2 protein chains.
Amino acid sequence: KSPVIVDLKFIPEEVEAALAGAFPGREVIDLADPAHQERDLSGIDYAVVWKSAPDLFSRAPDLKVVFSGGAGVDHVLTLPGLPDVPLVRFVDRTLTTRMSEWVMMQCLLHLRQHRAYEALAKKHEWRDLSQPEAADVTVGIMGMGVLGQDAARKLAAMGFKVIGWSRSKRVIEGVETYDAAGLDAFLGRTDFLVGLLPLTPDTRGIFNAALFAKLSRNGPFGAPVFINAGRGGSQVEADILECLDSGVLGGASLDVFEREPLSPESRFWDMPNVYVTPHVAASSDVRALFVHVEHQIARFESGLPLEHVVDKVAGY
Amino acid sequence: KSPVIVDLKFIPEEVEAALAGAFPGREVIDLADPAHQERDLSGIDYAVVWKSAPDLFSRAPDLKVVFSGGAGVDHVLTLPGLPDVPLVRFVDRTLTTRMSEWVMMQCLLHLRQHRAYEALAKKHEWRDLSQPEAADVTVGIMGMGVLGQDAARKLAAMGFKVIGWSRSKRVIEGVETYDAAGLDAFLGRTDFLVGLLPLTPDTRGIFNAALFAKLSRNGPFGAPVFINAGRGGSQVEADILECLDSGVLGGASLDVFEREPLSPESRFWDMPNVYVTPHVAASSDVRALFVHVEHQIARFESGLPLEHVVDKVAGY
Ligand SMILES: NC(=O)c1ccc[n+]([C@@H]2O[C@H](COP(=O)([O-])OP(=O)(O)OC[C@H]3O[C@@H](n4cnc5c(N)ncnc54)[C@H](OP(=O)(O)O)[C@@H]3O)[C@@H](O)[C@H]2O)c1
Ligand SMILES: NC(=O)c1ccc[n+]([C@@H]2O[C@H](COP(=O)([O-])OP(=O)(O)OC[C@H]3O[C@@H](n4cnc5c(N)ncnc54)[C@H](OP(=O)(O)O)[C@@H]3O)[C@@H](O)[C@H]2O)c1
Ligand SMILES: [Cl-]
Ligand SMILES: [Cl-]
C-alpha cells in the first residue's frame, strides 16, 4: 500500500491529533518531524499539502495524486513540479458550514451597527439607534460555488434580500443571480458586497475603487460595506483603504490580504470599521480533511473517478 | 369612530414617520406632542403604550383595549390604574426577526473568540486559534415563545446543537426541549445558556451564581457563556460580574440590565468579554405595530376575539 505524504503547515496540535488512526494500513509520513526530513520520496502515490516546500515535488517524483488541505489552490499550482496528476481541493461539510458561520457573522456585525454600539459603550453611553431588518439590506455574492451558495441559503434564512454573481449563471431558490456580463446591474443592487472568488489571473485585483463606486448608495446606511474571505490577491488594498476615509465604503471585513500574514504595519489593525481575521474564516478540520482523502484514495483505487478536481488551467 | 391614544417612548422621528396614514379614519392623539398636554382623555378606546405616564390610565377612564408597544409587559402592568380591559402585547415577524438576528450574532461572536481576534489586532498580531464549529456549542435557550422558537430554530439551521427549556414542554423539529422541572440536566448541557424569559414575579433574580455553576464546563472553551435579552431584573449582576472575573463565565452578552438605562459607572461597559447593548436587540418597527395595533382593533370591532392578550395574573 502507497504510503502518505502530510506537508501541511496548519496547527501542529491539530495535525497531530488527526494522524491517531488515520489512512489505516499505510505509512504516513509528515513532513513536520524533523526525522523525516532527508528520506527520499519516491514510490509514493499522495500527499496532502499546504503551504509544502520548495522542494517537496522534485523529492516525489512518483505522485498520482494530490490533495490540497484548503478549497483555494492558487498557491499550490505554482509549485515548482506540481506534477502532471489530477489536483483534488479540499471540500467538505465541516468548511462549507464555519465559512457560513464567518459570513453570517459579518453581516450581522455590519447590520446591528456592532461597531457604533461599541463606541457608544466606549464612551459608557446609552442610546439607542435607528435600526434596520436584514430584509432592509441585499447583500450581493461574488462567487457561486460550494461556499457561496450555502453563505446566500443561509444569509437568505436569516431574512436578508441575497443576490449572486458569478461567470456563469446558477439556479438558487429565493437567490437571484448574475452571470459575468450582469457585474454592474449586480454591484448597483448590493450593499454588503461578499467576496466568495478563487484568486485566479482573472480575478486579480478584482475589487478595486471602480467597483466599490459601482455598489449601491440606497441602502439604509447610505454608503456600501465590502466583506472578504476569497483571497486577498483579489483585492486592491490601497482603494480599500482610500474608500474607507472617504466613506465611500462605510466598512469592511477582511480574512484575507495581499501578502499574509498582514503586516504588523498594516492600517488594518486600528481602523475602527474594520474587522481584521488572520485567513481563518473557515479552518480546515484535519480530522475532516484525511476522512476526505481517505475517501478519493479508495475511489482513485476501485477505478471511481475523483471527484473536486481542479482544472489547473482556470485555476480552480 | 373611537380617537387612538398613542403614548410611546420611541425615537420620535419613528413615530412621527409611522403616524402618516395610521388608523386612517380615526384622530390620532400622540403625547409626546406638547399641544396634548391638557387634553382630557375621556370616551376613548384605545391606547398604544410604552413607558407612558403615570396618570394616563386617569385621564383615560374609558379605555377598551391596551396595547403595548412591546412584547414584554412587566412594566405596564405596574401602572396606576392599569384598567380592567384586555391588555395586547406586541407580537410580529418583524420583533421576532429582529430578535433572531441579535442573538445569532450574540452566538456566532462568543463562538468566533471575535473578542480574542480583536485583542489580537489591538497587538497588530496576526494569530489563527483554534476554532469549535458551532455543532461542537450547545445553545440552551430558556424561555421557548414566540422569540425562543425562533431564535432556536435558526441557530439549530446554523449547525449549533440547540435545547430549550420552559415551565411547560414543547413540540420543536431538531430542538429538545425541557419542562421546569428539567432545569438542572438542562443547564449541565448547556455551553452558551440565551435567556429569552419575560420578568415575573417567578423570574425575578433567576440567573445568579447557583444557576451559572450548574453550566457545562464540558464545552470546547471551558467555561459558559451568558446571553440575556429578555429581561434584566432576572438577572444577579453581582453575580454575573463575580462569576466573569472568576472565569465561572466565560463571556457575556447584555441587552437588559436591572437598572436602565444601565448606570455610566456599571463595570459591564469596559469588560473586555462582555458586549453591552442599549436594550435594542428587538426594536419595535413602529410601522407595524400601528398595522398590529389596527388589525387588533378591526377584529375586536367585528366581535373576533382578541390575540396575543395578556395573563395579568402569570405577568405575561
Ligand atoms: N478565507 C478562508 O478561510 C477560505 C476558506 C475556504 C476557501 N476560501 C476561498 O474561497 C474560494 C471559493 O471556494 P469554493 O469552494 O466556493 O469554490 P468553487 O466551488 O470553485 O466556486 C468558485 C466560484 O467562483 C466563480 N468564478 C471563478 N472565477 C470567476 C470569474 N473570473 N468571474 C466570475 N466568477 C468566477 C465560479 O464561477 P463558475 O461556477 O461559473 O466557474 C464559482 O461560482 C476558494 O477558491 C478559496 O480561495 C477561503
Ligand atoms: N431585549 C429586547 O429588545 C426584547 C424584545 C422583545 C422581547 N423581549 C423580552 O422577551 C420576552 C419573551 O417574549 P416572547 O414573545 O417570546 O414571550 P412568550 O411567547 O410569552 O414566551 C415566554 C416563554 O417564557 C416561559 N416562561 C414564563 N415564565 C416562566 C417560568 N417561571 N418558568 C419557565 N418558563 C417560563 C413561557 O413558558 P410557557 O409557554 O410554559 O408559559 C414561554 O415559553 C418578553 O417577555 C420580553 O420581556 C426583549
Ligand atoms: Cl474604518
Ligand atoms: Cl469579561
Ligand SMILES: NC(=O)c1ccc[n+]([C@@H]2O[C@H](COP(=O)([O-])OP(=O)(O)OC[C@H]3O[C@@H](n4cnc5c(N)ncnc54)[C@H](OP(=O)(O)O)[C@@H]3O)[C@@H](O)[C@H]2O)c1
Given for the second form:
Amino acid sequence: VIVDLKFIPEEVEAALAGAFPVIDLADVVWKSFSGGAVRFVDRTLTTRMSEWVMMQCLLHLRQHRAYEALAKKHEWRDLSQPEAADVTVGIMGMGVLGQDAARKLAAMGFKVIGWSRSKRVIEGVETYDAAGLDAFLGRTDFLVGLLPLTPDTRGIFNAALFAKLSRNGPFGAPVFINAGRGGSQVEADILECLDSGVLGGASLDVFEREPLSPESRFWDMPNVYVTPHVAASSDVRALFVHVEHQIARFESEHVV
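The form deposited with the ligand bound done, now the form deposited without the ligand:
Chain alone follows, minus partners and molecules.
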C-alpha cells in the first residue's frame, strides 16, 4: 500500500507496525483513499471536539490563568469562584458539534443556550434564530463558535457581536472561544477587544491565516489560549483500520 500523508511522521511510522499485515513515501493519501474528510469519516471527531470545548469553558470558569500567575509567585491565595451554573455558555452552531458540546456542558452544570441562523428545535436546549441573535448574545457569558465557514458566517465574530455579549456574568466581561474556522472571525476586532477589555479572554484553535504567524500578538497574551487547530485530531491508526476494512471488503463504502 502506498502511504503519502503530511501528518505527524512519527505517528504514521508507529501506526504502520500492525497495519496492513507498505511503500511509505515519507522514507492512502493526504497532500501527496483520502487521509481525512473514498473518504475517511473519523467517528471520534465529535467527542474529541467536545473535550476541547469543555476544557476551554473550565479553564475560563476556574480562573486557571490567575491561579497559575499566583503559583508562579509561590503565593497561596483563594479567589472568589462562581460555579458553572453562574455562567451561560452560548453556542453558535447547532449542528452535530454544537449539540454534542451543549449536552456535555449542561451535564457539567453550565447554563447553555444555542443559536443558528434558521430556527432549530433541540431537545433540552433553548435556541435562538437570526432575529433572536441580539437576545442570545445579551444572555451569553462564554461565546462558543462551532459554525462552518459559509458566506453567512464570514467575519460573523466581530467587534459589534462582542460588544453585545453579556457583561452581567460573574467576571463582568465575556469570553470568546472558537474552534470552527478562522474565516468566521475578524481577528483585528478580537485583538482590539482584548486590549480594551471588551473581551476578558479567549480560546482560539483557528485563525484567519494558519499556521498563525510567530509575530502574532495572540501568543503572549495573559488571557488567550492558543492551540494549533487541534480541537479534534484523527488517529492515523483508525484511518488504516478504515482502509484495511474497505480494501478487504472490495476484495470480497464512503465513495465521493
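Numbering follows the first chain given and starts at 1.
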| item | value |
| --- | --- |
| Among 178, 160, 268, 283, the one marking the hinge of the rigid-body motion between these two forms | 283 |
